[PDB]
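**Q** The chain contents come next:
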Amino acid sequence: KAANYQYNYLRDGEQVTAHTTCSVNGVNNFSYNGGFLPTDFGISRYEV
Amino acid sequence: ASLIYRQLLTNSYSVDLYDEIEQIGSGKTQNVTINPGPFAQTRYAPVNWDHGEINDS
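Here the protein sequences come in this chain order: A and B.
Quick note: the first sequence uses UniProt numbering, first residue 296, plus one each step.
Quick note: the second sequence uses UniProt numbering, first residue 2, plus one each step.
The following block holds chain A by itself, in its conformation from the complex:
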């Protein structure tokens, strides 16, 4: 998911405030089904 984050740093003294948000595109999506029972553990879709 899109993750935002703000910070600052130093660059020849002049304190620079920076603000960014990272995301992904072209993400592969793996669907693993360990078992079909209600008790079984499953992940309908996990991104990679």
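Honestly, I wouldn't trust all of these hints.
As the list claims (entries may be wrong) - Okay, the calculated bits of chain A under chain B, using three or more residues with CB under 8 Å as the criterion: (1) 296-303; (2) 315-329.
As the list claims (entries may be wrong) - Computed Cβ-Cβ distance ranges for the label pairs, DEER-style: (3) A:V311 <-> B:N49: 10 to 20 Å; (4) B:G38 <-> A:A297: 43 to 53 Å; (5) B:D57 <-> A:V343: 14 to 24 Å; (6) B:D57 <-> A:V311: 24 to 34 Å; (7) A:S326 <-> B:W50: 33 to 43 Å; (8) B:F40 <-> A:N323: 21 to 31 Å; (9) B:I35 <-> A:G321: 51 to 61 Å; (10) A:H314 <-> B:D57: 16 to 26 Å; (11) A:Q310 <-> B:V48: 19 to 29 Å; (12) B:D51 <-> A:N303: 12 to 22 Å.
Hints in this document: simulated from the structure, not taken from any laboratory.
The beta carbon of each residue, even a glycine, is placed where N, CA and C say it ideally should be.
Add chain B to chain A, keeping to what the hints say.
**A** Same frame as chain A, now just chain B:
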């Protein structure tokens, strides 16, 4: 020897030929005459920075 001045005045027409010669000799340049009317410098726009297009699902 007074005729030096008379001769120079009478023969002065040859300086036209001399002017043509030096004109042919001299290199030449020219102008691209400048424009007035930068009386209004223009700023970019009202610009606001934001995160791009998040790809939600």
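**Q** Look at each hint and say if it fits the structure.
**A** Evaluated hints:
no., hint, verdict
1, 296-303, "holds (count 3)"
2, 315-329, "holds (count 5)"
3, A:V311 <-> B:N49: 10 to 20 Å, "holds (19 Å)"
4, B:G38 <-> A:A297: 43 to 53 Å, "holds (48 Å)"
5, B:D57 <-> A:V343: 14 to 24 Å, "holds (18 Å)"
6, B:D57 <-> A:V311: 24 to 34 Å, "holds (30 Å)"
7, A:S326 <-> B:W50: 33 to 43 Å, "holds (38 Å)"
8, B:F40 <-> A:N323: 21 to 31 Å, "violated (58 Å)"
9, B:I35 <-> A:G321: 51 to 61 Å, "holds (53 Å)"
10, A:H314 <-> B:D57: 16 to 26 Å, "holds (20 Å)"
11, A:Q310 <-> B:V48: 19 to 29 Å, "holds (22 Å)"
12, B:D51 <-> A:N303: 12 to 22 Å, "holds (18 Å)"
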